[PDB]
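Visitor: One-letter residues, chain by chain:
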Amino acid sequence: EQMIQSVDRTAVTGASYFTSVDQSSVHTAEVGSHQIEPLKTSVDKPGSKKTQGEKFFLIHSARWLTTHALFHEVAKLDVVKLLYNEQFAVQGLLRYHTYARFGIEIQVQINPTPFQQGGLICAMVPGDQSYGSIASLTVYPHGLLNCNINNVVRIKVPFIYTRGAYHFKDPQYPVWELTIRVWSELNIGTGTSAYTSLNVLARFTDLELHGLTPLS
Amino acid sequence: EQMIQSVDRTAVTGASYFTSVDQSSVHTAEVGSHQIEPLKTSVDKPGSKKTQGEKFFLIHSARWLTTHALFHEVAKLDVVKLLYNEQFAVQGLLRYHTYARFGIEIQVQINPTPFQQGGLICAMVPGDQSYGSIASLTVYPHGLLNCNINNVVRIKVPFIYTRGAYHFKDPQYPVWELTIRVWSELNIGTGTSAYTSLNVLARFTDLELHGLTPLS
Amino acid sequence: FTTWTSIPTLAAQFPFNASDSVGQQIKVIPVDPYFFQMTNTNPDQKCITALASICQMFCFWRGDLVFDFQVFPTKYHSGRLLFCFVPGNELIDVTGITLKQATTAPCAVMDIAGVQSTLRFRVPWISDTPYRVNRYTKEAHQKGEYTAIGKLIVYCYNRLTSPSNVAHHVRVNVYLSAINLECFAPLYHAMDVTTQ
Amino acid sequence: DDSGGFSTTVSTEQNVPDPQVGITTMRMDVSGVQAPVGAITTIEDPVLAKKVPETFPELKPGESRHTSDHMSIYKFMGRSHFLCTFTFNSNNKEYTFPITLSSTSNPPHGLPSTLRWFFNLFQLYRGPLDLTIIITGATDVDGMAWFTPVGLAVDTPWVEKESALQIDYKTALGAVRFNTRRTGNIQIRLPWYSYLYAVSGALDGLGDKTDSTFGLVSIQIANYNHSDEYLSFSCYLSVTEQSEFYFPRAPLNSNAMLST
Amino acid sequence: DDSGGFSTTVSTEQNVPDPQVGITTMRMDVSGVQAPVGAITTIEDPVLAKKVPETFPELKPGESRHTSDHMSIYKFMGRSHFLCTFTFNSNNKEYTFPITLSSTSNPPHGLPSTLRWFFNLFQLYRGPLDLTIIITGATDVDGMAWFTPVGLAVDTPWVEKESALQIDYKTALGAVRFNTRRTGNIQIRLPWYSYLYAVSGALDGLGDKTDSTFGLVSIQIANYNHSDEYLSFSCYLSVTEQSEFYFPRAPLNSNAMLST
Amino acid sequence: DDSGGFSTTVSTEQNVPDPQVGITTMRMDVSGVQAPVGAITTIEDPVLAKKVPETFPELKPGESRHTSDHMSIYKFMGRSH
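Residue numbers (the authors' numbering), protein chains in the order written: chain B, 5 to 220; chain B', 5 to 220; chain C, 51 to 246; chain A, 3 to 29, 40 to 272; chain A', 3 to 29, 40 to 272; chain A'', 3 to 29, 40 to 93. A prime marks a further copy of an entry chain.
Extracted from the complex, chain B is given alone in its bound form:
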């Protein structure tokens, strides 16, 4: 007894999310193999989620001057919204994926000349500075600045939000709001320079992606 087998009609193939089931199917032929390159024309790792979406991104550049009074808010911005911009590589991962869940890494670098004096504050505020005390900001995870000792601090805070995932197209409220206020006034004499720079390097940590969208 001989039997000539025929082609199967039903087939469940495709990709992760794009799912197709066909009634008229055929055998997918395959020749060759995925060839590796021994004399590597690229000595670093390829593009991946781990190295692209988590890397320090400059979001704002201001300049702390001498004419600022006490407890003047130097910077007032959204850490999440400034990372949503066309000029970054995190635009490439967040454009097709709507939902977002992430931790916030903060590193702020300033550069004073040592013939000045004064100090700053860098707190991480959830939501808004609605009725929080200026003098009680150290309860927040903060990092201070000094013209005597250091010029680099870092702050690692988790996702503080009323929900779990994030919507980019219509946010209810900003998730984090990085604040920088004048902790001590910047004084100079004669000849000492009356400017010193300020930069905020921010990046995401522990990103999830859910629910792909067709729209931009």
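In case anyone wonders, no lab produced these hints; they're calculated from the structure.
When the alpha-carbon atoms are kept at most 27 Å apart in a straight line, the in silico DSS-like pairs for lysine-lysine are as follows:
no.	chain 1	residue 1	chain 2	residue 2
1	B	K53	B'	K49
2	A'	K105	A'	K182
3	B	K173	B	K80
4	A'	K72	B'	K53
5	B	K53	B'	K53
6	B	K85	B	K173
7	A'	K221	A'	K173
8	B'	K54	B'	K85
9	B'	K173	C	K193
10	B'	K53	C	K150
So, partial list: chain B' residues that the calculated Cβ filter (under 8 Å) puts toward chain B:
no.	residue
11	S29
12	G36
13	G51
14	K54
15	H214
Ideal Cβ placement from N, Cα and C applies to all residues, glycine included.
Using the hints, position chains B', C, A, A' and A'' against chain B.
Guide: Only chains B', C, A, A' and A'' this time, still in chain B's reference frame:
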């Protein structure tokens, strides 16, 4: 003997490719942890390289008619160039990464009515149809079409190119060129419909990414 | 020939003034072993790098490159820089890149202040072809044959703050060293000074 | 699968390279009382197209009666074939011809009879070649031959003129030195000096004049001339055992197989 | 220490000769989760300048795909390059040229294109060389080549005139005898006949014309001439595997790399 | 680290929740012949800001004399408002 330790000055931190070394450093504080969601508001897998960049993408829609003569080339296109377009999710991975190395998966689905007759050819051609024989196309990895038996075929071919990586901004020549020619003429009588559709579903296999660019 | 190549030899020179804007391009560098621009008037001589003389006697080259940007500030200067790597060829309109668009490309941040000057920035092989040709023997441009696997841009990531009793510029030297270098198919070609 | 494209059927290995060695030898009846299963089949499915072909009850033809083998490229294109030929007009007219594997370059300025068909049967090429030149004609003529890879400065292709190059650029690349009275012929290899991976014969566009060429043979003469006699050089090619072949291509049509 | 110069720190071994063989081969990740320590460093201290260079998380490029090796001088300068060339005017015009490794001697009377750059990359030189001469031109000409070390009586350098020397002084030093019709080319060694230790290329003053030269190749002809035809000789050089190299020097600037 | 942001120093756990139960009880001298290390410190570094505060040679105040506890929210906001 007591010793008060101080802050380290040198620090090597950052991301995969973005590399920074600072002279004025501070300890990166860290609070909380990356929280998981037990009542999952997303039952599928998150966005990744494995499920996004390898999924069937319709690249062309033509219509094989009855008035076509013998050995008329129905489709003439570039499989790699039509996948380079704004309306796909593979634009999101290839926009920041210049170099490319990929295998070509092909699935072509047509839909004839069973009161017609005729056949097609679907070969995969490296470079161009410069001086190849029309009658000797079966040496190529092909898949034929028939009004009698089947309507779904699949072809898996490797990366056939003079070099190893690919440049999107200025190609020397097209890597693959999917050809579809009239293998048998489509005849009808009276009342049988004089049109039948044609679709090409193509996707990448075994993609590498090297050498990120700042330009678009 | 490894003894001459990986030793850091001066290839260029650019200062860091204080009269510039945030994100202004200072100097664009075609990243290749064929890079030299300095000279001397007395005696009549054009200064060559030890890497370029080794590689100017070949048709092809392949290997990584290590730049060494040594600054000479005072102890009171400050500000930062951004050493972005823009790949491709030697001929695009590279001076239209926004500073936040350079954050997608691989890079490295750096503080000017401190007690360590030289940041050894290494160049990966970002290329479409495995063998990169010496095109400088020819005199006609041609798409397909390149010499630079990328272009370096030192951005004005921050401005220069300084006291009054020093100058308003910080000079950055450009050494040139290489690692994993490979060259074959010899020739003879006396290279020309790249005036960018 | 690394990609994630799932199917209801299984795609097998189609178009298996080198299915048979063409010697007719033994390696009863082939068909016979056993019924022919490959008599009727389905050709649209490549799985059932792999069935053994028979329609008649057969047996073995037998062992072949030539000791050598004439079904591999290593012993078929080993016999050398024509590439080009050229003459001389005046003193020190250095000649320069490239080797272009394209089929667009019609002969004599391109590929002649056998090499035009052979350099369009396979897609990519990576490896050396054999070069046998023949010197025939006038006597007491000095000469020199050398190699020059692509991507360098060289004289004009297929045009006989005075060389703008010098003895320092020609001899530093690698060369030989002979005389047209001693031996009059040179059998020389053609090594693979290329920065790219592999060259390809059949191309169009701007990549055909860039991603196909792999070598250049160029000759300068001296002590010319003597009493009036022609001076013609020949250039032949043959494949060597160090190269390989890739992706079997459909052959050239009948309107392209032309000779000089 | 034998001298007695004490210090509070330790001086290490700076500028280590031949740090790497230039084949790209294997001998995971080079950088990665491990932090780059050679990203930032201090270059004024040569101890901390010995740190491994990296700034990016990397991995191996892989194994190279040419079997030969083109990163050692034994197989780079093995391909021979130009030294000089000369012609003839009358009967028995013995030619005499020295080999001077100086960069002050501009070509043609000195070092041409490749050898001018190569004989100023290293300080001292001690060992033999390869000499390949090529005879091209008129026929039925007798000739003789010989060696003569420095510090002896010899004819005028780079000037073609009648030889004041004789057959007893030329043949007692060592010589060959040939004819321009039989073979027309000679591949000959250049042995190290020098009383000093090693010669040095780049010098100035009166020591440049004394502490650089190591050899002299000189040719006398006969049976000249026949019907009017040029008679040009060539002289090429290549390094041999018996010599060594010392103290790596900065290369030549762009105003010195000149050709003939 | 899951992200890949490397540093030359170590960031410790800052602003630890609920450092102390507010009952004054025992759980010799607190400071004394042993020198006060938390007298002088650096507050810009949160690592050295974790040092124990003292400036005087001290001892224990003792056990509190109310049985109930009035330093947790479960028994402070339990009285309705």
